[PDB]
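Take a look at this single chain in structure tokens; it is the form solved without ligand DCP.
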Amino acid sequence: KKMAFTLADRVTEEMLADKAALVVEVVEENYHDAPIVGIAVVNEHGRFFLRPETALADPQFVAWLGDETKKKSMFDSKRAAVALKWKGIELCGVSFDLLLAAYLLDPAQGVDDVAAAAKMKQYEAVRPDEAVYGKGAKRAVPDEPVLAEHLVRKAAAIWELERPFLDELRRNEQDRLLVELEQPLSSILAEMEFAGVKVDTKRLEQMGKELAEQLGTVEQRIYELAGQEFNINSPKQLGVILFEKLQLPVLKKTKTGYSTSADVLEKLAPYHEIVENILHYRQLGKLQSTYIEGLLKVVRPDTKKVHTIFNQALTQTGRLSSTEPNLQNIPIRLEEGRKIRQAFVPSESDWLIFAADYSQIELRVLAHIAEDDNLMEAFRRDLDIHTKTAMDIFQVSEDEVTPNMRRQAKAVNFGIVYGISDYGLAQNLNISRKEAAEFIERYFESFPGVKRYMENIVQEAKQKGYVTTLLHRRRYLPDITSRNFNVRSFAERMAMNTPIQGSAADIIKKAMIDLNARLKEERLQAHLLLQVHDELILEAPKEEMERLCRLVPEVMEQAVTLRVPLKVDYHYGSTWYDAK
């Protein structure tokens, strides 16, 4: 039975009630400077559909949109807020976001539309967006009649679902998480995406020309060493050359053929000169295709900026993700790739890039949650945690710690966070499972509190069915009870890791909110550009650097109070590359 609503030709007073479910539809996946195809409002007075051209041109409606006292309940308010920003319209008063509410209740559901969220509460009087708009090449906005009914049904669902979702969040003790953390953060992410990051395209293009030159040389050297030309970027073709023509040892095979992963190649390097060249070709090719050409494709030609979209409702741990482009995985580990960062510059003359990052936040969080005396003392002394771990595992003085000892202690620390696994550690340290287990055993002997936490958290995950983070984020782990070793083990590691990675996510999100409040109180022009899991990147007038050096680390270090201090390092410079 069709849903009744008024297809309005003009905005009326009853459409501006102080509480309503609001839909400002942007069908385009990437909502930057995208069109708004329709608007729906459901409130105490009824259900309404408004054409965007009329609604967005009406002073009363626009004023209502920007009035913080007029409360709106929506789904993915960031999408609408950013689309409206590109139109010079401010959206305020969003007191409930169904997407974020759904995400907090169960990030595993992968709720990406109103229909999916509504299905969680047995509400199915709304169609999934894909069914209405189609997908990809066939994606398209339907005729007004169909479009109008769909937006109204989504608004109607939101109107009906707010109460039950809020009630469950409250029983989960996640009400403040939604209202005081995720929703306020959504607005901050909206500002960041809209602001964008300036790219020096001329510099990128120049790097691309040089890369193309080097790739050409390595490419030819590879054909020369192989004795024939082939598609180096084809794991299949490369496999034939390496393991058949050149007879290199097959130490690993994928599900469908020979493995040519870098870790595999690294082992074959001693056998033939072609290997080192393939690795070099892989590095340069990655930079060229993904960080030069890929980046250049998404730079807005008019503003010369990239406007990423932070998916705030995707990861199972509470972390954000970044797309079009992904600005959370710009090269930095290898110098040649790190140079890509010289292309990210301040958006204004005489401004500078400022970057602040937490030092070992995950291990500090673990020290706090596990209450491991040794680990807590280590951070209280602000010791080099890898050297310290090496000292305990190997029972040597600081002077006796060799570079390799520290390298292995570092590997154990990087993994201890992801949940112990002799197999996983063995792979990273290229050792036997028996030996890896011995390392783990030694680690636990030195950090008994951590061992206790690992056992206790797995037990809690089994008892309650989920694990939680410092700010009450949760993750259900049904596989924790599986009678399949591998499946159960994966769930156990998630149980061990989620409270760590997740609480670190909670902390930096809170830091972002606290930071913006401080930046506003101080009337600084500085503003956030990016978040990369444990670091914040801002840009600001050079005249604000000294103030930022004191303000940013403090706000980040004081976001939450743990049993150990939080430490933040910072750097600034003319480009993102220089912010080191």
Second form
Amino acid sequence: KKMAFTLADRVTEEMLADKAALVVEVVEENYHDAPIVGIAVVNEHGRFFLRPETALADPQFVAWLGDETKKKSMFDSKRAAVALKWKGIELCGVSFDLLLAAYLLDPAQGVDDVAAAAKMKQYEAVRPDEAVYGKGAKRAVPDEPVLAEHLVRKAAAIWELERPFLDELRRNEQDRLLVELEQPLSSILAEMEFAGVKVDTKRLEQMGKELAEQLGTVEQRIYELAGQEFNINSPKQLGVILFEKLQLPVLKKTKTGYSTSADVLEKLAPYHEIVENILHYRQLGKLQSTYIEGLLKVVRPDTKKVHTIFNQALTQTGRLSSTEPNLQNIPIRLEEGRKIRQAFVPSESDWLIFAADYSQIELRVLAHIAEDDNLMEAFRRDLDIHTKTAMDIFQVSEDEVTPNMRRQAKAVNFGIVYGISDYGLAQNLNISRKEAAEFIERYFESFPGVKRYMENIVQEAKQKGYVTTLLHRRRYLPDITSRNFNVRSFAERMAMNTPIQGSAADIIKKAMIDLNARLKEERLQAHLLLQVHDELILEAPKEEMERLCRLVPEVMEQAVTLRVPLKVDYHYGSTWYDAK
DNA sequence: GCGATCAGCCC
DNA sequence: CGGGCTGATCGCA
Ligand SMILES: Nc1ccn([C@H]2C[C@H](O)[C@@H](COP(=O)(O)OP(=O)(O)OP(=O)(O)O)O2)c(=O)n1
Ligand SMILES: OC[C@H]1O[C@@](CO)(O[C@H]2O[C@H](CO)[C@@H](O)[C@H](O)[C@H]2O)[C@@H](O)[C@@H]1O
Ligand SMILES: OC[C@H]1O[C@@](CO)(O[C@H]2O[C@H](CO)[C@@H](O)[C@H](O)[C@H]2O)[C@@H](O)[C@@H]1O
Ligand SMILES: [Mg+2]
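Output block for the form solved in complex with ligand DCP, input the form solved without ligand DCP:
Up next: the whole complex, starting with the chain shown before.
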């Protein structure tokens, strides 16, 4: 049965009620400077569809959109807010976002459209976006009659589903998480995305030139050593050269052929000079294709800025993800790739990049939740946690900790957070399961509180069916009861890791909210640009650095109060690279 | 074209 | 052993 609604040619007062479900449709996946194809409004007075050129040109409608006292319920309000920012229109008063609501209730559902969210409550009087717009090359906006009914049905679903979703969030003790954390954060992310990050394209282009030269040299050297030319970028062709023509040992295989991952190649290096060249080629090629070419493809020609989109409702742990471009995985470990960061610069003259990061937030969170006396004491003394772990598991004094011991203790600490496993640790340290198991046992002997926590959290996940974070984020783990060892073990590691990674996500998200409030109160021009899981990157006038050096770490350190202190390091400079 | 496979970058 | 995104190649269409 078709849904009734008014296909309006003009905006009326009835459409501007102080409470409504609103749909500002942006079909393009990347909504930056994207078209708004239609608008739907559902309120106490009825259901309405408005053509964008009409509504967005109407003073009354624009004013309604920007009035904080006029409450709107939406799905993915950030998408609408940003698309409107590019049009110079402010969206305020969004009191409920169905996308974020669904995400908090169950991240695993992968809710990506109104239909998916509605199906959670047995509401199916709305079609999936893909069914309406199609996919890939076939994607397209349908004729007005079809478009209008779809947007109205989506607004109608939001209107009907708000109460049921809020009720369940309240039962889950997650309503404040939505209203005081995720929704306010959505607006902050919208500002960050819209501001974008300035890129020194000339810098990138020059790097690309030099890489091309280096790649040419290495490429030829490879063919020389192989005695023939082939596609190095083809694990298939490369495998034949290495394991068949050159007869190198097959230390590991892939489900479809020979493994050629860096991990394996490093072990084969002693056998043939071609290996190091392949590794070098892989390194340069990664920088060239993914970072130089990749970044240049998404930089806006007119402003020379890149505008990422932070997916706030995707990860199973509460973290954000970044796309087109992903600015959360810019090289830093290796000097060559690290130089790419010199291309990320302040958007204004005489401004600088300021970066602040939490020091070991995950292990500090673990110390807090596990209430491990030894681990808490370690952080209260602000000790080098890896050196400390080495001293405990290897039974030696600080002065007796060798570089290799610290390196292995560090790997153990990662495993503990990820959800320890002899097999996983062994592969990482290139040792045996028996040996790796010995490290684990020694770790738990030194940190019995952590052992108790790991045991207890797994039991809790099985009993309740899910685990939670400091701010009540939730993750269901149905596989925790599986009779399949591999499937069950993965779920157990998730039970151990989610509260840690998840709570760290909760903390930095609150820090971002607290920070923006402080920056506004202080009337600073500084503003957030990026978040990279445990770090915040801002840009600001050089005259604001001294104030930021005190303000940013304090706000981040005081976001939440744990049984151990939170510690934040910071750096600033002329480019992201120099913010070290 | 579309998508599984393999690779490698980040925290 | 935890959580992500993107680019290359290549079978399949
Ligand atoms: N109705 C609620 C209550 C709590 N929370 C989330 C966000 C809060 O910041 C966090 C802590 O809530 P409280 O301070 O009330 O702590 P509880 O009393 O919930 O203790 P516990 O966190 O151990 O459940 O949990 C929420 O989203 N909705
Ligand atoms: O707007 C982001 C928001 O939309 C979803 C779908 O509801 O993702 C879409 O937009 C992303 C940004 O361009 C794309 O990466 C993704 O492929 C597209 O479906 C949500 O997942 C997200 O929270
Ligand atoms: O002492 C058992 C020990 O094994 C773990 C897995 O390492 O859990 C197993 O035993 C539990 C019963 O005590 C089951 O609930 C669980 O499903 C099974 O895998 C640890 O959690 C536990 O400490
Ligand atoms: Mg750090």
